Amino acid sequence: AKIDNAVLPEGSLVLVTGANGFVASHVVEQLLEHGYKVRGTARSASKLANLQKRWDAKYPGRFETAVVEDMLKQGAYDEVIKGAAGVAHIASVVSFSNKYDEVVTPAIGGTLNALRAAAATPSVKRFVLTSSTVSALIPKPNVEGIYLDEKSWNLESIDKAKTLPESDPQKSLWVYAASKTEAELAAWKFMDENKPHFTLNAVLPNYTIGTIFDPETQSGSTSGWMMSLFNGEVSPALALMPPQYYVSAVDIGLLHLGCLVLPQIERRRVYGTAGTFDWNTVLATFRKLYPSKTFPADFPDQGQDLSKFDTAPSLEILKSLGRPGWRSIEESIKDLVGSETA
């Protein structure tokens, strides 16, 4: 069909863990759009009601809500993974509670739990793990000589996370970074040690910008934070986020799709890094999209991201799916906040 030589047959069922999440909902949307059936998990059926409603109207009988309230529980995926040909693990831990052992352990645990379920389920042929650019690094404004490729690991986050004082403005970020880094490493180690019968790929998005399908419960996401600024809310938590790379929610969905069905994509770490930005380029875009609206004035210069990412597999995927190149930051932000029109 739309995708020639897709490793997963048309109409195949794909299990998407944590389908009510912001990023996950776009992965789900792209899969459904491409004719694949999806069974999305959430800690409760109610957390997926609004999205279920949306998908029932748009893709009649293609999406199914599945409940998994304890992603760490042994055998938690025994029933939901049944009949799945593909798996996109996007479910995340439940906290910003600093204790390294309390944040990192569950992260690794949830990842391996889903990986073992897939290894035990013969129907599963492809597995895509939603990681993050923090598994490679924490952004470093104005620093030259940074090039991230598939062999780049945020090794410094491990120590930084367990040594930095709680007074450090970024300790919370470092703990999160360590959790993502350790989890992805554990995922690749499991592939290397158990040699399961499925292909693994990982998508590493940076700052995802796009339409918030369900604002009711998705306002804490990256786009949720951006929408907050659009509404005039300025907070230290926001300014604490440095200049880095954005990526369209649409492209992130496409990248996951590619990792799930493209034959030429195997054992890759796919960077979701379209271009750089800072809060001032974001405000500039807001002003252009809504010329009559009042917005906060520019933030003090926060520097710029001078790093570069090896997006080879990413671009390969986008081209193969017929959506070459990254969607621009202006169109991405327009997806999120719309524009002054009538």
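Positions refer to the first chain, counted from 1. Throughout, rigid core stands for the largest set of C-alpha atoms superposing within 1.5 Å between the two forms. What changes on going to the form deposited in another entry:
Among the candidates 164, 120, 94, 237, the CA atom that moves 2 angstroms or more between these two forms after core superposition belongs to 94 alone.
For comparison with the form deposited in one PDB entry, produce the structure of the form deposited in another entry.
There are no partners or other molecules in what follows, just the one chain.
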């Protein structure tokens, strides 16, 4: 098909964990769009019901719901991984609890449980892990000299995630960062120690903006929080998010696809970082898309993100898939909130 020399044959089955999630649903969408069959897991079939209906209508018989109530359970993937040529492990703890135990441990456990299943399944040749830019750093507004590459690790989050008092408003963020960081480190360590017969790549998105396919049963994650602002809600949690990088949900789906099928992408940490933004650029975009609508006034200046990311593999993947360059923030936000038109 489109993808020449794809490592996974046309129509191959890909297992996507936590398929009812926001980012995962976009990864599924892109896989289906490219002719691959997908078996997506969710803690309940009901959680995927609306998305199943969407995909059955758009991609008849290409998506299959698979129930995995406990992603940490021994043998959890024995049945659903059968025949899969690729695996995309996307599910992770996003409760933003300040409890290191309820976030970090399960994050690592879920990651290794999926990796072990893949290692035990000869048919699996490619594995893509959804990490995050927080596995490299927590944004530091107005700070110069920050360049993140594939060797950048958020080592400071591991210590802060358990040294910071619960009163620090960034506590849960550091715990989440430690969970992502330790989970990804564990994945690469597993690869180097066990040397399984599949290739691993990780996608590290920053703030993912895009269409929430199932508003009914999808909270939306990052995009859901942005939608709440669109609807006029200004939550303090929103203030716990500093200026950083955005990335289109469409592009994140494409990066996962590239990691699963492009031959030139192996053992890479692919940054999903299109450009910088802050809540005021978001509000500005809202006002541009809906000139007649009332929106909250600008937030106080929160500085700007002066960091830079090594996006070489990301750009290589996008170009190889025929969608070169990053989708703009205006188009990304429009994918989420639409525009004033008729």
